[PDB]
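2 protein chains.
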Amino acid sequence: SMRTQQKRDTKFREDXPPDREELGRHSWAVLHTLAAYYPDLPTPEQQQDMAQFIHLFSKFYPXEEXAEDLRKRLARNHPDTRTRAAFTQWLXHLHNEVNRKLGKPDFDXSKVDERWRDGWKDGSXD
Amino acid sequence: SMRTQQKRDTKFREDXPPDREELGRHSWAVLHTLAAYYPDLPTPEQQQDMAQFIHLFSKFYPXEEXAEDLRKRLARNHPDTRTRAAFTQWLXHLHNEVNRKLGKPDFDXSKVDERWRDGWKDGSXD
Ligand SMILES: Cc1cc2nc3c(=O)[nH]c(=O)nc-3n(C[C@H](O)[C@H](O)[C@H](O)COP(=O)(O)OP(=O)(O)OC[C@H]3O[C@@H](n4cnc5c(N)ncnc54)[C@H](O)[C@@H]3O)c2cc1C
Ligand SMILES: Cc1cc2nc3c(=O)[nH]c(=O)nc-3n(C[C@H](O)[C@H](O)[C@H](O)COP(=O)(O)OP(=O)(O)OC[C@H]3O[C@@H](n4cnc5c(N)ncnc54)[C@H](O)[C@@H]3O)c2cc1C
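The listed protein sequences correspond, in order, to chains V and H.
Counting from 32, one number per residue, gives the positions in the first sequence under the working numbering.
Counting from 32, one number per residue, gives the positions in the second sequence under the working numbering.
Quick caveat, the hints were computed from the structure, so don't treat them as lab data.
Some clues are possibly wrong.
Pairs involving identical chains hold if they fit within one copy or between any two copies, as the list cannot separate such chains.
Simulated crosslink set (SDA-like; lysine to any residue; CA at most 20 angstroms straight-line) [said to hold, decoys possible]:
#, residue 1, residue 2
1, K90, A60
2, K152, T114
3, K135, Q120
4, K90, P70
5, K90, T74
6, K42, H124
7, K103, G134
8, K42, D149
9, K142, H63
10, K132, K152
11, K135, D50
12, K90, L72
13, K142, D46
14, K42, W151
15, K90, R148
16, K103, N127
17, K90, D111
18, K142, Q120
19, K38, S155
20, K90, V129
21, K90, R107
22, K42, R148
Hey, can you work out the whole structure from these sequences and the hints?
Below, the structure is given as structure tokens:
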């Protein structure tokens, strides 16, 4: 017909303020990448710090409906920051809660180390 | 000649682990966007929380040379979290320190509200 609601076909300037979706994509990348490299045997101070980091992220996330949704989840399901394995998985399952809320499919949590740190075992990241 | 070191011409799969540069781009977007919507008159608890959030981000940032560089800066130049105006500018000038370290030009701090929240006044984000 003429205009389109597919943003990629419309708004071409990259250096603009992130919208709700684009901030989401950046933020999941930041959180999953921070978790991917977290210690396998973190100190007690690290475990405390990472839980506080996720709590503070929930206080300041600037999409208010998204931040409320996050604060509700963290109240029902505190972050497991005991180890890399536990925290990476914990964060995957949380991300999946949001995906299911929004009508998106589940990400296979078995893929989190490939996806965010190591690259796919088939070599498609090289 | 044949291979290229311009990543865009080589590695086409998007769902791969962020490298140092790509994590940087995501992270500056997250930090500048969080600052852009921070209160103009934050409570004392908010001011304390935002400073602690930036400190914790420096503890967990997974590029070790980058995290060390950040920890050094925050020791010399604590975040000003007193107001949106102060914190957005504080974070711009910090980002500029990193840009100059890496041979990149200064971003004009007068542009931070346009860039990260409001869109350019000429309408090029619409
Ligand atoms: C904490 C948080 C709360 C949010 N709350 C809301 C909200 O309440 N309402 C709303 O409209 N939007 C919310 N958003 C934005 C939303 O989650 C999506 O980021 C946005 O809709 C863009 O979706 P996307 O399809 O690009 O993929 P995203 O969900 O942004 O995912 C980005 C990439 O991460 C990978 N991935 C997907 N799922 C997982 C997983 N479970 N584990 C590991 N990797 C995964 C995939 O490679 C994917 O392409 C929130 C985002 C954040 C960060
Ligand atoms: C906290 C932190 C520390 C880092 N330390 C290092 C390091 O020690 N060594 C290293 O090699 N890399 C480091 N990086 C990565 C580096 O800063 C860049 O992110 C990366 O090199 C990609 O650069 P870029 O050209 O894509 O633009 P980036 O610097 O990633 O900037 C992204 C976008 O932000 C906007 N912008 C640029 N400057 C400002 C500013 N001053 N204020 C507001 N908006 C701005 C521009 O629109 C720009 O395109 C760090 C990143 C972070 C987040």
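Outcome of the hint check:
no.: 1; hint: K90 - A60; verdict: both (19 angstroms within a copy, 17 angstroms between copies)
no.: 2; hint: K152 - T114; verdict: neither (23 angstroms within a copy, 47 angstroms between copies)
no.: 3; hint: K135 - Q120; verdict: within (18 angstroms within a copy, 37 angstroms between copies)
no.: 4; hint: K90 - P70; verdict: between (25 angstroms within a copy, 12 angstroms between copies)
no.: 5; hint: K90 - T74; verdict: between (25 angstroms within a copy, 13 angstroms between copies)
no.: 6; hint: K42 - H124; verdict: neither (33 angstroms within a copy, 28 angstroms between copies)
no.: 7; hint: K103 - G134; verdict: within (19 angstroms within a copy, 43 angstroms between copies)
no.: 8; hint: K42 - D149; verdict: between (33 angstroms within a copy, 15 angstroms between copies)
no.: 9; hint: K142 - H63; verdict: within (12 angstroms within a copy, 30 angstroms between copies)
no.: 10; hint: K132 - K152; verdict: neither (30 angstroms within a copy, 35 angstroms between copies)
no.: 11; hint: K135 - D50; verdict: within (18 angstroms within a copy, 26 angstroms between copies)
no.: 12; hint: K90 - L72; verdict: between (27 angstroms within a copy, 15 angstroms between copies)
no.: 13; hint: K142 - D46; verdict: between (31 angstroms within a copy, 11 angstroms between copies)
no.: 14; hint: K42 - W151; verdict: between (32 angstroms within a copy, 13 angstroms between copies)
no.: 15; hint: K90 - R148; verdict: between (27 angstroms within a copy, 18 angstroms between copies)
no.: 16; hint: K103 - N127; verdict: within (15 angstroms within a copy, 36 angstroms between copies)
no.: 17; hint: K90 - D111; verdict: both (18 angstroms within a copy, 18 angstroms between copies)
no.: 18; hint: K142 - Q120; verdict: within (10 angstroms within a copy, 39 angstroms between copies)
no.: 19; hint: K38 - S155; verdict: between (27 angstroms within a copy, 13 angstroms between copies)
no.: 20; hint: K90 - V129; verdict: within (17 angstroms within a copy, 27 angstroms between copies)
no.: 21; hint: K90 - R107; verdict: within (16 angstroms within a copy, 26 angstroms between copies)
no.: 22; hint: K42 - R148; verdict: between (31 angstroms within a copy, 16 angstroms between copies)
When each numbered hint is compared with the structure, violations occur for hints 2, 6, 10.
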